[PDB]
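Just the one chain here, laid out as structure tokens, in the form deposited in one PDB entry.
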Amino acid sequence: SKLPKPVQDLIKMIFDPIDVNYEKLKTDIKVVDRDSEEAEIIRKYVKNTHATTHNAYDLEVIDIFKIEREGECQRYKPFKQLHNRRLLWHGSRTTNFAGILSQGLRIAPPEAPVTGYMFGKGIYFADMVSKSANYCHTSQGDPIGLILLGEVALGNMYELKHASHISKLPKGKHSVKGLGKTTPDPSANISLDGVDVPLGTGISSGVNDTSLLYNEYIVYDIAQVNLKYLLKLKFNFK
């Protein structure tokens, strides 16, 4: 295989020779240099947005991959210039990633219940790396996890303090923001190619009557998501 060794390692991690498995993902995968500005920004995002109540583990970045899923950017076009585009976290079990990279993030079918979907059947993201990392269900035995950075086209946000359990938004609303008590310091936000990166260290939001500790972002159209990076993380438990 002519692929870089980090990419070979990733392929083995989420699965028949290696190259056919790579072509099975239908995804261009490049290694972001560890000494690049991209990598510095992403490591800062990981460092600053770890919650205090997720003190069960520390996160260390092993490898950062730049991913382009076949056809995804072509279908994100309708939302490419939509205001309020943010770079957000999405965690998931390693076992799922083979699907995620080949089919993209997807929404539960209409026949599925709304139980367990705090803000309806959609695609969920976080601005706190620990909140997304919790959804990797990493164990002390296998302390390596995968997590996505995705450009989400949030547009006009429906800001909610309590759960709705429905996936239908009012007219002129493109996403839902679950308001948490703690948000990244907005004066530290930066723009990485027209896309906001809320990598500020956590502070209080002032939102009082909220059921969430940290923010959530939900979109209800797969075309509103554009995966940009895939991180491999060492979980260091206490």
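Positions refer to the first chain, counted from 1. Here, rigid core means the biggest group of C-alpha atoms that superpose within 1.5 Å across both forms. Compared with the form deposited in another entry:
- Comparing C-alpha positions between the two forms after a rigid core fit, one residue in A112, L82, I144, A98 moves 2 angstroms or more. It is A112.
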Given for the second form:
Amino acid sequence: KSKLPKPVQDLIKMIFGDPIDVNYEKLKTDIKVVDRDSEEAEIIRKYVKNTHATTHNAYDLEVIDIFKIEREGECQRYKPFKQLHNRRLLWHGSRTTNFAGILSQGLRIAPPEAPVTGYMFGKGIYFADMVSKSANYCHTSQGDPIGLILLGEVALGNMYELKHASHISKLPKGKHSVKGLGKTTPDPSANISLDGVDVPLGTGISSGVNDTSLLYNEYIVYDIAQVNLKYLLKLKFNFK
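What would the structure be for the form deposited in another entry, given that what you showed me was the form deposited in one PDB entry?
Only one chain is given; partner chains and other molecules are left out.
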């Protein structure tokens, strides 16, 4: 029987759908329950509450469990980007069935033989600052209403800021990432700092960006090493 805390056991059962502890080791990821009443937990629940987009009104989100995560060696891997400026705690949603691969291998760029459909800026690693924009990629339903979402520390550095789809072959010199400029943005004045990482948990305001394809921001890096996965949330989707 398992010596993991019950919430981590339930995460494992959800991810693998072998014994629980053997399946834990296959993730090559240190997993800790964040306490409900911790400051970390308050900040993350505030990020969820404030960055639910008005146009994503099919469901509300409740945070069941928050996990602090540490992929084996992802530290050493993140070293070259560790002190790059403009490091941001951003959402990445994916189907539950993907999380064993995501924790064991990290987030990866789609292979050349996958469609570029859905990628406004070409194959890369995509993040949102709006929880619901990322939560939509969990593909939960009323009959499967529990999903998994990541918070990554993303080393954005100098952002190549774009308003329309463009499959860039190469970042301009001195740029580290792409930011797709949305009509709606977390209020920059409400940004807070968690462990030297910027958290844009401000409620959505008009960006005052005109002539843009995007309702909401998105952030893209083309190097797997610019991502340090920090948290994994188990979300209840309440469908209306």
